[PDB]
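Quick heads-up: it's one chain on its own, the form deposited in one PDB entry, in structure tokens.
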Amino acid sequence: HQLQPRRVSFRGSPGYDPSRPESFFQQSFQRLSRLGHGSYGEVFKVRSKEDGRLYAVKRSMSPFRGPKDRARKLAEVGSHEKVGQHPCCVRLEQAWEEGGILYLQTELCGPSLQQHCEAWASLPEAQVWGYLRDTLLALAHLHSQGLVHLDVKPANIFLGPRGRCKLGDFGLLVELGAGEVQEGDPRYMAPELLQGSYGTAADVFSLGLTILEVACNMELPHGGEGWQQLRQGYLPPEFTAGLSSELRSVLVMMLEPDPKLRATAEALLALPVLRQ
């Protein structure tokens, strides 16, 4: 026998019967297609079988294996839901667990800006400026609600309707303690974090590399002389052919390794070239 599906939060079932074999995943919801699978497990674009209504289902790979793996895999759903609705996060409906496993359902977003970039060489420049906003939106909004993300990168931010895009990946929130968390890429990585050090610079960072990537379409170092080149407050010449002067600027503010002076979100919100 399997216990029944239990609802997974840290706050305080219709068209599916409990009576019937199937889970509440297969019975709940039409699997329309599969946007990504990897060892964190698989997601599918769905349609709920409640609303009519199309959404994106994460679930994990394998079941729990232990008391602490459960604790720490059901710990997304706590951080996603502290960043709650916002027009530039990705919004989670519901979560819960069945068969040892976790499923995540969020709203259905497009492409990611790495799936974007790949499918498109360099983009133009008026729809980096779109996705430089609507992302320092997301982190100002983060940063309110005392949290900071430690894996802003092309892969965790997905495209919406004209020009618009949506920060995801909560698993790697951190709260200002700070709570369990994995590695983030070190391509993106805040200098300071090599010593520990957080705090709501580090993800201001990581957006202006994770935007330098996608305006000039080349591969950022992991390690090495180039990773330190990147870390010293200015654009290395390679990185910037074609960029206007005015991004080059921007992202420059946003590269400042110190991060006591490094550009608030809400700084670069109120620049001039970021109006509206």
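Here the rigid core means the biggest group of C-alpha atoms that line up within 1.5 Å when the two forms are laid on top of each other. Numbering follows the first chain given and starts at 1. First, how it differs from the form deposited in another entry.
After superposing the rigid core, the C-alpha of residue 195 moves by less than 2 Å between the two forms. Once the rigid core is used as the reference frame, the Cα position of residue 182 differs between the two forms by 2 Å or more.
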Contents of the next structure:
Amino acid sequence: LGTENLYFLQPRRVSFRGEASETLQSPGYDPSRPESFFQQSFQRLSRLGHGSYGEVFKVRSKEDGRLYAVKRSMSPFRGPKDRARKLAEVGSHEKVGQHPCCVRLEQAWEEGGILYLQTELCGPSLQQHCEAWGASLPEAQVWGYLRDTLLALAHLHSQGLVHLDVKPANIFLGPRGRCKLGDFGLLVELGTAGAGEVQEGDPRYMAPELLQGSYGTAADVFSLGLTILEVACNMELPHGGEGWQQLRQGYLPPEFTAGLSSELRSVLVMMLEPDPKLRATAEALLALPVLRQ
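Beyond the form deposited in one PDB entry, can we have the form deposited in another entry?
This part shows the chain on its own.
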């Protein structure tokens, strides 16, 4: 909080469910050496992605020799609110817990005002995959991605959690056609911190009701609806303007969606229902014969 007297450091494990072992240890790591825990405890193999948040690296852990993704924040915390905001991702990630369609958090720690998030290394995001594909993804695969991500959303929504930033860039491929939802930085728990507390996801995938500060689990279904549209049709979604409004008026452009099967188009229509009270739930979608087993 910005009105409290906590205004104005070596590694410390971040957890909202752990033990007195806030101290980290690892092969390769000596606290008395000047290098950070991240530098000492991991082989840095490549940079998976980057942005205003910082960077994500593919790493090999010196602890177990396994591969992971580590997201490192851009610079030291601006202050307590900045810190609480970034640390909330860890808490979010933990409330999800272990679900086969959600990216697992291995561990998290802060050092020198920098936050590090270590997660299981999955395959490329759907966005990266579509870019490498250079075209529409086959529907056979898309049905699989839709179902997995619906299972993740069903999980989140059961606990009154809303992701609020579902998009191709944070659904990651698994082996043999599976995929996992990740990037839980914007996730909110409904009815917790009621005075707050949303920031807004990517405008391309934003549910229309959010413009009016009205949010609920339904917003995630709409976001996924547009996610699947983009990857299934190889369609660039608008950030705004006439096209943005049209996609939130139940309109599906023929010049990109003519190649959809009737069954998939039918499912997208339910997900892109402008009125969140009529929009299908993830549980209801999963109950349809076309999305079971």
